[PDB]
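Single chain ahead, written as structure tokens, the form solved without this ligand.
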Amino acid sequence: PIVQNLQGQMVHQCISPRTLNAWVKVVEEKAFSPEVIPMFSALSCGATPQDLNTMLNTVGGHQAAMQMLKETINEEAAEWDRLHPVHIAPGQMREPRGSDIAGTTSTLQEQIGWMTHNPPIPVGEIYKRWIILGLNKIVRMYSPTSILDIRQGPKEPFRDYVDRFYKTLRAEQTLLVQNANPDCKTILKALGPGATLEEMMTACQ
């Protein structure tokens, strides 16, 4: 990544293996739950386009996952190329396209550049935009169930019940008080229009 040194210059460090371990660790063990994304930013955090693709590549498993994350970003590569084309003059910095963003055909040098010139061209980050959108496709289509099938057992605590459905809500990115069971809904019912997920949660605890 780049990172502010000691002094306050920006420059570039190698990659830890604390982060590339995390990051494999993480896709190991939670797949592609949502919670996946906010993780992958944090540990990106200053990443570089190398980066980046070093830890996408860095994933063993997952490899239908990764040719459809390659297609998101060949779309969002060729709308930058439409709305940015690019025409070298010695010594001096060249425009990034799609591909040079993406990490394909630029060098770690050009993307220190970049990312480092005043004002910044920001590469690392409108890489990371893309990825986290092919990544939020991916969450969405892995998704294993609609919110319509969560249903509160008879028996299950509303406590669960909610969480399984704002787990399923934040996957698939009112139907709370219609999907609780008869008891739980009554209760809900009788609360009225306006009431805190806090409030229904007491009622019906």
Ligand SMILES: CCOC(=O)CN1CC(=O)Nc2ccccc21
The other form holds:
Number of protein chains: 6
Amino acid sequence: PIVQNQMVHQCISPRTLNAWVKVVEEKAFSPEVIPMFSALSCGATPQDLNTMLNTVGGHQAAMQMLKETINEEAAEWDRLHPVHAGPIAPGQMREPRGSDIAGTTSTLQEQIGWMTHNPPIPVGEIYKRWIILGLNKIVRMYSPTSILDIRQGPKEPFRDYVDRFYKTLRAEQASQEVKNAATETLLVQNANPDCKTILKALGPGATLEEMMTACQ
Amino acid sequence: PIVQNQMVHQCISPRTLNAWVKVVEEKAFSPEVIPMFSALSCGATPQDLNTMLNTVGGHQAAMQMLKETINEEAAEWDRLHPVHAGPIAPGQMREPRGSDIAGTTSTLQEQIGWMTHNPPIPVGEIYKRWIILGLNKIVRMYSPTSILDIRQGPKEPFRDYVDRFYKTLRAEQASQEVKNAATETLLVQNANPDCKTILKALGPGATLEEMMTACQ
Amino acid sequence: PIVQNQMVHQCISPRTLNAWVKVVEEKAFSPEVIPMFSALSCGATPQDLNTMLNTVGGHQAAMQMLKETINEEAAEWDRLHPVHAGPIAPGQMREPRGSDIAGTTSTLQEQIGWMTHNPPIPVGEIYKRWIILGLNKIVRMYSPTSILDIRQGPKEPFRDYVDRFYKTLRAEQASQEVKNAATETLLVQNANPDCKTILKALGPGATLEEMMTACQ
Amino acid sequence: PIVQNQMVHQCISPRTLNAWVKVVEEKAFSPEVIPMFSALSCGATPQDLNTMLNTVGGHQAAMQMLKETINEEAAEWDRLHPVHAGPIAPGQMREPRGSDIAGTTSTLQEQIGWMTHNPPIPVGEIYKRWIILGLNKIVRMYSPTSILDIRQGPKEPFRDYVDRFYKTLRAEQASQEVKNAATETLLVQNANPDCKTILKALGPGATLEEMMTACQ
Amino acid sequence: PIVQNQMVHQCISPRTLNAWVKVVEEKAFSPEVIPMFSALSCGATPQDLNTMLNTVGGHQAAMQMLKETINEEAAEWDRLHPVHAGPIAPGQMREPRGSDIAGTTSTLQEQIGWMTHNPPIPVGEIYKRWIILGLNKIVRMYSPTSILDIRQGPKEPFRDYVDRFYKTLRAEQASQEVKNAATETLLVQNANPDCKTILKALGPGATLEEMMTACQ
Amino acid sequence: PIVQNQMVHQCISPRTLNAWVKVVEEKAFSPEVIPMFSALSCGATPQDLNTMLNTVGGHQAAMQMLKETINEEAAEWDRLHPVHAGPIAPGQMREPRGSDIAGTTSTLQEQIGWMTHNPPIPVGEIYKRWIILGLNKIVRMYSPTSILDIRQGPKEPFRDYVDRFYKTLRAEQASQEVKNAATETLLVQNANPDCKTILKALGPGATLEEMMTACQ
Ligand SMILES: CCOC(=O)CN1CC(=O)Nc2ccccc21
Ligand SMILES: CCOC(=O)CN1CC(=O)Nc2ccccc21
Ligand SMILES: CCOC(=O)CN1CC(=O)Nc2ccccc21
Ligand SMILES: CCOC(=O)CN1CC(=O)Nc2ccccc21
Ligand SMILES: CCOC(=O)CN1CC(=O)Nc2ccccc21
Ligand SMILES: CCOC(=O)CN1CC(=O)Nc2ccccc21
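Please could you give me the other form, the form solved in complex with this ligand, since above is the form solved without this ligand?
The complete assembly is shown below, putting the previous chain first.
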């Protein structure tokens, strides 16, 4: 990444290379892989981000959809920040284009220069915006199950049911407002009759905690 | 987190990301996960705390009750510390609101600035107060068993019994004063007749050690 | 803990949090857990010591006897070092009471200030004296077996027998003088007749090595 | 490698020695081993690169093809950058030849001097260009399967099929332009009739995501 | 231990605490545990050395023979370096006695002061001389087998035989001169007739390599 | 080893002690253990090198042949660099003899002084030349199989065959010139008739890659 003593380039740690590859091996594209990708790529250059992306042996369909999202993001970047053509002023910083931010056309030096400049041209954090927006499209994609098919078994503890509902809501990339709101509607509707009957009795303004105790 | 050389932002370590995720995988919401959460989040920014929270794939019902506790804590914060509306003085620190402390509306820079200021605006330690108060509500919730149903088997060693009692008392979030006091009452009542008879003989002012030897 | 560059507060390492929790999981309250507790808590604040104590999910009976030992040690502390009541001089160090040393009433800052002062008020090392004196009471308690019931099988190698004897002597918290002395008496008496006969032949002034060769 | 405090030689870490040897043991010459080799050899001297190469017990046929690629690259280097023969000016840097860049004729000191010079003679990064160009020839070689034999089973989920296609395309070292393009042609042709029929309906200008949803 | 930035006290690492305890668990008192003990106790204080010794749950007979060796070494120390009795000059370094070097009567501060002084009073390295001389007495003790009972099976490869011979010679603590010499005598005598006959043919001045090839 | 901040002695890491002992446990004297020994002993003193050597419990026949190689290398050293006899000039560096380089007669201080001097007397790198030349003699020794007995099975993939050939060539310590050359002769001769026939067709000037594709 880029880190502090001044701001200096550091080699991506075997610890970190490993941790990303194991997390993709174990959790595939489970929602919780995104906040963890972000965490393992703290202070990462575009070369670091390609390195983590490029170390994944499997999921080559997911990786390809990702190149697509990144071409589009690189394209939009070039539409909003066109770069001067012809020779760069000797010994001076040239502006980054989309493929420079993605790390396919920039060098580590170039990338270093952009991120360590005052004020910084933050190509690490910009590309990781691109990659993560792409990584979420893959999560919703690989979301196996609809929130409509998440219903409570007759003998299933309410707590186990709510875990599947919200795990599903999370993979289905539902906005926080539908997550705050999901409680008073589908969570109740989708509950079994014994529980459903308890929850209806509470009425509106019941919390998840109040809901989850009522049916424990 | 934020650490010392001056006070400087450091990348949350793969060691730490892993240790929190394994501890939730293994112990779920066993009481002892709280002091360990706190320990793994030493010097943590709100972004670090969201990162650890967001890396948990399971327990999405628990996570949702937690958003609730945090909205309430963010709300109370705004009720006591309202923030000036309109443009911030150029190049100056704006006050944090509830959602700034929770890390949903602040940036790492903003969060850095608050915690590294003299004297510090300690948003790491404030949000971790919020998260932990929420994490305890989940522990009592997921406390399977009442202290009334913790009784000593006829053939069960007193020591094994006291382990379940106090493990239970801990998950049931009983105050230290009921823990000091629990000895002279329920611990004896809930003991088996052979042991109960020994303990009654000791009378009052007997320690747990004296109690636990008497019945070994 | 508190460590050196000046003397500075450092975050308890995931390595260390883990190592203590694994050592309690594996060895429970085997004597050798004490010197290891001490080692893992090198330079530890009272908050670090509570953190290691509080991370133990099991042994809640042992933990409760420990609160007892610590209340008594905190009480004795207050009996010998009473603290001035009323407002602390602005910007000045207030004296620590028993519950300040135990970390239930002090803050990390307060604790930092005490230990980093010239000369230091060493609350880390004082509380760890308290905790360890309590942890030994638990070892003797959870000592399953008397040195009188450690006797050599007819077919058991003398070396295997002496391992059980001294392992037992150690859990039974016998003073070093009874350990130096245990050789010329019970070790011989408790040995089997074939070995006993050899050892008696040596007479007094025989070492453990001479004893252990004689019977190999 | 060579790292920063100035730029200083550091011992290749047991962590790194291990991580390369495990990655060759587990993944052999799967494409994703290349970006990972590169990552584990960050700031590496030619001696570091030989060290990682030389620690591989297996794949001695692959290693031998690699000596070949490196002799050719060393040869081309000498064809373009011939070195002055006879005595080097006392206390001065001599130019590197091909076998100096490969690390068979240079010393660590010599290699250090080249890479730490202003501006640097970057023999670490030059040899790793050589090694990696050789390592890709081995990947295409050890590519078991043609993209023509990657066809979708009647009962095989489209997503599983696209994973094999692009994993294959990657081992077969197809250029990014054939990867962008592979979608509108062979991916469809090679799909099963039920899916093929859906994809044909979309027509041209369909993305992989649109393709992959259409057939989910 | 004591390490450098000046010379400073460092906390014994969980890595090191663990590595010693695992090595005693796995290899017991196999000769090769000594050079490894020494290595794990690099820069160690007497408190560090007691800590590593005290963390061993098993082998309490071995540990007790070790207290004996250390009392004798502490005694000899006091016989050669008697210490002035009565009050130490205020703020000045008092001389170390045997039990001060063993760490039973010294403090970490006292021990720090001795080892960090110019020139150093090297109590770490002196006690580790004591402990290691004691640890070797335990190795010869726990040497199961005589070099006279190490003989080559009729069907046993000479190389396998020489491994047992020299492993035995090592546990039996034979001096290097008997190891240089052991070849021309017992190694041949103890070999089987087919091999013995080959080795006799070589005559004197044959190396182990020449011996070991002759019989491969 | 000896490392940089100046050049300073550092304690051999538990990581490194472990990594060498595991690599001998797993790979015994497979050729690839040599480049790995070298790597784990980066900046190592003679005491570090003895420490790694001395931590190996097994292979005592190999270790003994190694003492032999080192006595010979120490002897040759003394034949070429005889040392002045009688008292060393007070406070001055005495010259190293063979047994000083091997670390049997030198001290860590003495060894430190030699390696940290300007210009350095490089006893770490000299002894590791000795040890490695000895370690290769052991590899050829423990080479089970001749390159003449490495022949391709009728049904064995050419690639699998070439792996055994070159793995064998490597253990048999054949010079690089016989490795470059081994292709046009024995590799073909030793191949099976179906493959042999293909390879003969190529004629001379065929690469291993061309050879290995021809027969895939
Ligand atoms: C504008 C083009 O940008 C890219 O293709 C970025 N990229 C580079 C890479 O090396 N690997 C990679 C892997 C998956 C997704 C995108 C990448
Ligand atoms: C006022 C709103 O605050 C939050 O929702 C805080 N938060 C942010 C997050 O990223 N994850 C998260 C996970 C569980 C619980 C709370 C969070
Ligand atoms: C005077 C009161 O002191 C304490 O109770 C100390 N203490 C604090 C804690 O957090 N945990 C703990 C766990 C076991 C034993 C004592 C503690
Ligand atoms: C011009 C000659 O260069 C080399 O042979 C480079 N080389 C050196 C080495 O030590 N090992 C190695 C292992 C595989 C491939 C090339 C090497
Ligand atoms: C002169 C007395 O010295 C000692 O007993 C040294 N000692 C101290 C200790 O804490 N543990 C220990 C464990 C095994 C062997 C010796 C020790
Ligand atoms: C001239 C004598 O040198 C040596 O014997 C070097 N030596 C020292 C050692 O401690 N162990 C060792 C283990 C295997 C091989 C050589 C050693």
